[PDB]
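**Q** Read off the chains here:
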Amino acid sequence: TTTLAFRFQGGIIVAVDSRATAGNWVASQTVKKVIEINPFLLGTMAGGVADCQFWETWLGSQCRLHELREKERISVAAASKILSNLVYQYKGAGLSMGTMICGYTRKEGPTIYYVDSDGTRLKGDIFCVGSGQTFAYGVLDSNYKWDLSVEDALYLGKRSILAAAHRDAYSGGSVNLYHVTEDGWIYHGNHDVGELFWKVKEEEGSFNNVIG
Amino acid sequence: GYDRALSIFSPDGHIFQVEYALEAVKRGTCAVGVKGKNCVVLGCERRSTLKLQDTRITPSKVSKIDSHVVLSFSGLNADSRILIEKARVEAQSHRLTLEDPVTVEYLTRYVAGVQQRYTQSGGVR
Amino acid sequence: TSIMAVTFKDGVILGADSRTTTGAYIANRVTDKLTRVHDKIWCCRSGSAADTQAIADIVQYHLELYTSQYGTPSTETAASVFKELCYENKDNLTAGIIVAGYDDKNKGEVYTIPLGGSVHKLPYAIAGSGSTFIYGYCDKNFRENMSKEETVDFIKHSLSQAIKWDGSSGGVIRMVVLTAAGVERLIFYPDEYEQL
Amino acid sequence: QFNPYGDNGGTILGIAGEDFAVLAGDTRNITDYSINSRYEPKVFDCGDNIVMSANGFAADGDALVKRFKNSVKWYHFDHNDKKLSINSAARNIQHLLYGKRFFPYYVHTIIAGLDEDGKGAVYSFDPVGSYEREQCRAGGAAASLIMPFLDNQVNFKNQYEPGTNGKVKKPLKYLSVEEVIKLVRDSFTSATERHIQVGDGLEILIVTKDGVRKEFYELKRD
Amino acid sequence: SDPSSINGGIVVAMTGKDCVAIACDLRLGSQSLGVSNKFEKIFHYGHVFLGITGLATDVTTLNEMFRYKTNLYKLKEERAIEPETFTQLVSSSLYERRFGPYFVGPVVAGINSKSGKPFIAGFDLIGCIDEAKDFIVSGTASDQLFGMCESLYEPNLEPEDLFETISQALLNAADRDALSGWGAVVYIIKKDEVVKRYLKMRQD
Amino acid sequence: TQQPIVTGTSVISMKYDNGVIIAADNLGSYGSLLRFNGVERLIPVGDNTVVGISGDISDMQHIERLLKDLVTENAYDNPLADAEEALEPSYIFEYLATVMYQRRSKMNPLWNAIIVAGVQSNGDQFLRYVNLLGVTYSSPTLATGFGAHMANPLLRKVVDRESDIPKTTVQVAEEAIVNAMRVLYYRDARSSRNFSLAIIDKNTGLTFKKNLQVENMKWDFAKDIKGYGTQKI
Amino acid sequence: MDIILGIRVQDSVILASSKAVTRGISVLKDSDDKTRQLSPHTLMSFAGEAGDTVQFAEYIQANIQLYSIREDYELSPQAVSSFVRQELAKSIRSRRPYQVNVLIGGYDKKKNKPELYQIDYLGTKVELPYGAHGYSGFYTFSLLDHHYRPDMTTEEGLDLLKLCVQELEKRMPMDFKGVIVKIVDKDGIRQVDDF
Amino acid sequence: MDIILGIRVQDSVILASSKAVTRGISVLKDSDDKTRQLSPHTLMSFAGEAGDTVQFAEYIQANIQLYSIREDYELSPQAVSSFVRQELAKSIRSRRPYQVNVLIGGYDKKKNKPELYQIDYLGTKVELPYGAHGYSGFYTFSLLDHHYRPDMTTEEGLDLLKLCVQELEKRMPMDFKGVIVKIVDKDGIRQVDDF
Amino acid sequence: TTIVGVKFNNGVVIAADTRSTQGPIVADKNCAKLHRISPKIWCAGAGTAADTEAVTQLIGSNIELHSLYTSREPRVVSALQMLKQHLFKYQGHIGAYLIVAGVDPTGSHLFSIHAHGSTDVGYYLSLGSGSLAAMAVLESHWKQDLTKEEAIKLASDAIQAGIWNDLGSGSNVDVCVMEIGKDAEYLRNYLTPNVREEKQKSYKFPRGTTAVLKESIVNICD
Ligand SMILES: *[C@@](C)(CO)[C@](*)(O)[C@H](CC(C)C)NC(=O)[C@H](Cc1ccccc1)NC(=O)[C@H](CC(C)C)NC(=O)[C@H](CCc1ccccc1)NC(=O)CN1CCOCC1
Ligand SMILES: *[C@@](C)(CO)[C@](*)(O)[C@H](CC(C)C)NC(=O)[C@H](Cc1ccccc1)NC(=O)[C@H](CC(C)C)NC(=O)[C@H](CCc1ccccc1)NC(=O)CN1CCOCC1
Ligand SMILES: *[C@@](C)(CO)[C@](*)(O)[C@H](CC(C)C)NC(=O)[C@H](Cc1ccccc1)NC(=O)[C@H](CC(C)C)NC(=O)[C@H](CCc1ccccc1)NC(=O)CN1CCOCC1
Ligand SMILES: [Cl-]
Ligand SMILES: [Mg+2]
Ligand SMILES: [Mg+2]
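Residue numbers (the authors' numbering), protein chains in the order written: chain K, 1 to 212; chain C, 1 to 125; chain b, 1 to 196; chain L, 1 to 222; chain W, 1 to 204; chain M, 1 to 233; chain J, 1 to 195; chain X, 1 to 195; chain V, 1 to 222.
Only chain K is shown next, with the shape it has when bound in the complex:
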């Protein structure tokens, strides 16, 4: 896996790849690694598929129960802490998860929390998670500014996953984009790396290491 999310002037960008592996066997190229918890909350998935898939869908059920009981949408902080407290109870049992809880609320504004299976919970502006996280960081960090436009921010997120998809053997397939605003999350399409790589190479003039 490679997943990222960063905060900027116009909200939050979230980008992920779509590969699943069992050792060197490429098991799938079309896996959904973003989970739509509600119209204002997103969750990213890295590590074990079952672990991530099961518990993040569980998380959504706990978030729905919050708004039924409290007549109000749950905060990003409280949502992330439910998950982190859950995995802490299982600490040592062997769960494998690297997740990011991203969303907007009135009291918090745009917010991102990193949560992993050894109990770490961190608020932050930029995170990259997964086996190809370092490749994504390299492009994202060197091109990041707070004052990026919505159009440029979407591209940088897309371009950072593409970088990791290319270099990391355990990342690839396609890119899934999301933009989170004050009005909620907006889906910005599935982008196959088969076509996207060559399109980016030609138009941008990058990837000169590859035989054109």
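Treat the hints loosely; a few may be bogus.
Below, simulated BS3-like cross-link-like pairs (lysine-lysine); rule was C-alpha separation at most 25 Å, straight line [unchecked claim]:
1) V:153 with M:218
2) L:220 with V:201
3) V:153 with L:220
4) L:169 with V:214
5) V:214 with W:196
6) J:182 with K:123
7) K:123 with J:19
8) X:162 with J:177
9) V:204 with L:182
10) K:201 with L:170
11) K:91 with J:29
12) V:214 with L:167
13) V:204 with V:29
14) L:220 with M:167
15) J:186 with J:113
16) M:106 with L:100
17) K:199 with V:214
18) W:190 with V:204
19) K:32 with L:119
20) V:143 with M:223
21) J:29 with K:107
22) L:100 with L:69
23) L:157 with K:158
24) X:19 with X:170
25) K:81 with C:86
26) L:157 with V:201
27) M:157 with V:143
Keep in mind that the hints were calculated from the coordinates and are not lab data.
Could you slot chains C, b, L, W, M, J, X and V with the ligands onto chain K? The hints should help.
**A** This is chains C, b, L, W, M, J, X and V with the ligands only, laid out in the frame that chain K set:
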């Protein structure tokens, strides 16, 4: 464990143990709450058949549940301590999990839920 | 394996079962474990099939070269050569061998060579995994200066019981008689020895 | 030390069409280098137009099918004979598998059927309960042999339109039941040739709105 | 720390009507890290072609070794080495290192210049010859290649048709393997002409 | 977690036109020591089922007691215990299969391999296998241990698929079983000469044969074999 | 987690804690605050195993805050340190122990004295003029043995602390991304923003 | 040892190598030059096991210098890289192998072209437009895939290199104490003093 | 592998299957396991494939030089002795399991050799992973005084048992007959009972399907 159902219905559809618990409240010292435009005030009566009292150390009638919520009461004094303790613990538990202090409505809903549970549990009044 | 060698009035007789195993699978049910190193000097092989065969082949070569220079070698001499190979290579060998031979001066003789590579001259000797079940029987029934017929019966009954209790032993009972008269090979099948 | 797991071999394959879906699997059952049975079925009709197969360690496979079949029975009892949809079955199976997260069922599970719009559906699971809907999936011992062939022939991967300078891809289209069965038969004969744990026989279960039909074909017995 | 799967890579070979084809991917990596996308695994000594998968240092070493040996062969014999003879030389050289082997999976391909017969062969790391009428596979996606070849292959394919079959076998096998891909090369070999084509494939 | 102590070797079986045959030797091995010789490893259940067991004997005797108790429990409040509601071979098997899988799931298995042979009430032949792992399978021929490697090949020459079952008589079927037992005595180092055999027919019922011996053995060719390579004497 | 330091001077206690959070070959964050206020005049910094650290710190925070509300009174630094020690002493013989080391800095309002306590994951408590956990101590203790005096001011203590951080930045293998510094005195707890 | 980088541009090859030498919990030196000149137009940087690195580098240096004197001629970068690869390929099956990874940057005077070779301790050689050894590559390769062009100048290559070092200083766990940068071109080898 | 050897009236016959495995994958479907040591001495080999071929070629080479040196036809016992002493020296690390047979001036002979260097004599022998399936047939149908045609039938039947019942063995049956006074006849693919059925579909692609980036003529000439 002591199991007896103490709170039960009567032919006319009343739960006498709950209604007799209201009589204990009627016996208690008066307590009043008034809310203004930008504040709330809690007033409490103290009976004057007790002189030679030490007011420094005597339990106060109004109790802080958290730094932003207070609780007063009327009825059995000993019973009130149990509710106050449970409320204070829940207040700290809420801050721990939700990373935000309780609302007044939430705290009330919790205390009321405890009181209800003691009206249909065996072996308790 | 179950193997033994017994001295008697006229000479010495060697005996053995015919089972070779890989775990619980019988790789050969008609194995010959009694092997010639010289005209009237033979040996019973137990332990690793590869090790015992390689040793016996080297001994036969040594005694053939002995004979070419110094004439017929003694049974003691044959045992010494076996010992030398077993002792000096004790870390790399799994071989339990009994040596038996007939001289005219010394008559019948039996030497046993366990895992360590020590030598022991005895009136009779038993060895192999099946031998453990017949120590009691053989001790109570062995006499010195037995006849040919008596000694054949003693070995037949002994190996019969060893075969009956040991799963690593079975098949036919092979024997080799060593006397002044010459060299005789005997065989005994299950239908006979099982109902003893 | 006692080892609670074993490997019973075999391989399974699921493909989905426009108004149908197939779930195929070989009938051979093995341990180590021995054959246990030349005809031991492992693709089952579970009711409500849902077929299922759990390949790997047979004892865990049977247990899981047995538990899912029973889950369908109680779904009817508790919800007024309502039909269990393929998407609902899939979610239920995740919980069956993840319930034993710390002592897993050692199987690759595949289910097939029709979705609520009448279109063909195939879901596939890992041993601990992850799942995904797909047009195509192979599972088991020969999965690595069959799956890349399916990418090429079902989803037209790496195939471009002739003369278009590798710019236009071969367009996606649904396959007929006749064409799908051809691909299944060829996939298993190829797998039988190159994998020792695959052979003896092939059993295919086809699922349409009319019900569940069966077809059987001989495979090489060496 | 499994020598044969540190760098990654694949090779495949096929026969046709009066022709042979041999193909390989271009990836060289260090486990998960992709390093080079220009690492060709097919070499040739005269008209005899050799592909090698496995540990990359040994791939380079063996190429240099067989260039060495085939150069001396030609000087002494006064002729080019044939595929059948070269196959025996590869086997002898690998078995020489029986208890300290090169971690490789070589594949020979070519046409005998005297008889005109198409020839292919494969080996394990210690030198066992694997001859075939149809196809030979090697590398980290050998399982995938076995499946593609067994279904797609048919006998007596024309050079142009054979190119399509071998290319599709390699591409679809490589896309199901994490350590293989990053480009591909195909060699079509007729009696007295050899065409080399680079394939367009996904770069992840 | 166990290790087996006293053990029993192969159990072999097959189907024929009117029923099923099953056999197993009478030995109880203690490692390499052939300790006990009077051990019955075929256990009948009613007049229509025989259960053959290999592996740990203490666990076998435990299973005997469970089957014995199953008969008793089935008779309770059951007027049709000897008729329509009698214990079927399929009922007996499913019970054992359930137990075997439950025990392996608790990491405390019954260290056995089991074959349930019998005839159903509608005349259908029943033959199915289950072991310590809870693995189950059915086939025209079934065998455990060494029997799986040596007996099955011989028995499959008679009945290779389903359609060969009607074409196989009881005479031909028994002959193939008896031969397979002889072969196991030649080649299995934890087998005995003495064995038991059981036939379950849809017409003639249950026939239980005890104290059978392996006979007509070929050993005479052993006399001609001398040395191990170059020896000529 | 990695670097936590503490210095007690005449009228205050100063805690310095590293900002880095590192997992694998990636620095995930460079602005992490490794501390929790337990009461108005008591502060606890922490370091150790991932997850355990924050879980333990917040659990202690909740318990001390509960006490404050119940009694309408602030526990002394000595009393808080003893409570924390006992919780860690219980933990070490549990099925899964808390792997967390802590420093507690507080100002006792009854005694009008600053106090610094060092407690490790075993429940080993000591009161000290200056303290450190982990590899930090191997540099800072000898340095402070030389330059520390008991009658120093808060400003002198901050300069003394700058000297420690400079040494660690010179000789430590890992980049810990600087420190967050907090002061505890008669007027409570405050953060130094420019360090 | 840890970080070594290489970039080939239009007319030159640029090598950047970390200055830190760390043993245990102590940075023993912050000005270490992890490179050796093999010939006037060929430079080799190195990283790996302590002792092995310098011993190997100087051994290669001595052999290439011996060749130069014997033939009165400078070996090409391709020829030098092949010699180095073979020595490492021999080493890997020795009783005790050299655990050293290298980059070779050179300017071929006959071809008038810059050349960069990456060789690991197994003897795995590749020619590349940009290269790295160790954990550095996990950040720099993706970065260079984006920003690198083949027709860049030496100045453009240095700015591209600054971008790599900045990223490593942000996301790497260890403090590697900056880098020494050297340029190889038609006029030979020179060091950039202010980086 | 399955390999066997059977003696008869006027000579000896050996046989073998033709499957070569690489884990659970079939690497070669028609490989030759019968080896020629000398014209009338042949060898069936199981175990590590490279070892059986290398050891048989080395001894075969030395046997030829020995034959030329002595002006005599080579004996089976000579090949036996050279093979066992070589294999013993390497303490089982050379994984060759051989059945050695042939005719010579002394007569007809049949031996087996194991990897650690032990040898056996017999009228009928079997080695390899399918040796138990083969030995079951041999123990059932072998008798004294077999004819040529009877021995070929028995040998191939024993190999077939391995082909059908052992997952390690498969494909075809190879035979070699060695009769006294006659030339040895090598019967390659004596039985072929595993022919691949016709495929359901031709996978011939339209020309231009594969996307290409570069073309170039390669120079093979000087
Ligand atoms: C990138 C792609 C690499 O990590 C991402 O991190 C993704 C995360 C996304 C998809 C949520 N991770 C994976 O793809 C993940 C990597 C992994 C593997 C194993 C353990 C932890 C992490 N892959 C999986 O989880 C795969 C999913 C596919 C469908 C196979 N699942 C497995 O490998 C399963 C179950 C693993 C498992 C976990 C806990 C207990 C037991 C098992 N294993 C198998 O299917 C077994 N195996 C497959 C190969 O064939 C033989 C049987
Ligand atoms: C009785 C049986 C016991 O005392 C006799 O001593 C006979 C002696 C006769 C044959 C001269 N012994 C055997 O039959 C002997 C038993 C044995 C086994 C292992 C070590 C020592 C003794 N059997 C053998 O030597 C067989 C003969 C082959 C099958 C023709 N060889 C093996 O079983 C080899 C032995 C390898 C070896 C190990 C240690 C020291 C020396 C040699 N083992 C295998 O082939 C391993 N096999 C692999 C598959 O899994 C089962 C084990
Ligand atoms: C039947 C099939 C088994 O009973 C027969 O015995 C045949 C004998 C015939 C072919 C001579 N045996 C095999 O087919 C044999 C099985 C085997 C496997 C492993 C060890 C021993 C026996 N197969 C082989 O020997 C293959 C031959 C290939 C397919 C041409 N070789 C391998 O599988 C090699 C084994 C190499 C080896 C090295 C050192 C000690 C022992 C064996 N293994 C690989 O190629 C696997 N791997 C591929 C990736 O690169 C690294 C090696
Ligand atoms: Cl022997
Ligand atoms: Mg087979
Ligand atoms: Mg990739």
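**Q** Now tell me, hint by hint, if it's right for this structure.
**A** Hint check results:
no., hint, verdict
1, V:153 with M:218, "holds, 20 Å"
2, L:220 with V:201, "holds, 19 Å"
3, V:153 with L:220, "holds, 23 Å"
4, L:169 with V:214, "holds, 19 Å"
5, V:214 with W:196, "holds, 8 Å"
6, J:182 with K:123, "holds, 21 Å"
7, K:123 with J:19, "holds, 13 Å"
8, X:162 with J:177, "holds, 20 Å"
9, V:204 with L:182, "holds, 15 Å"
10, K:201 with L:170, "holds, 23 Å"
11, K:91 with J:29, "holds, 22 Å"
12, V:214 with L:167, "holds, 15 Å"
13, V:204 with V:29, "holds, 23 Å"
14, L:220 with M:167, "holds, 23 Å"
15, J:186 with J:113, "holds, 9 Å"
16, M:106 with L:100, "holds, 13 Å"
17, K:199 with V:214, "holds, 18 Å"
18, W:190 with V:204, "holds, 20 Å"
19, K:32 with L:119, "holds, 21 Å"
20, V:143 with M:223, "holds, 15 Å"
21, J:29 with K:107, "holds, 23 Å"
22, L:100 with L:69, "holds, 18 Å"
23, L:157 with K:158, "holds, 23 Å"
24, X:19 with X:170, "holds, 17 Å"
25, K:81 with C:86, "holds, 23 Å"
26, L:157 with V:201, "holds, 18 Å"
27, M:157 with V:143, "holds, 19 Å"
Checked against the numbered hints above, the structure breaks none of them.
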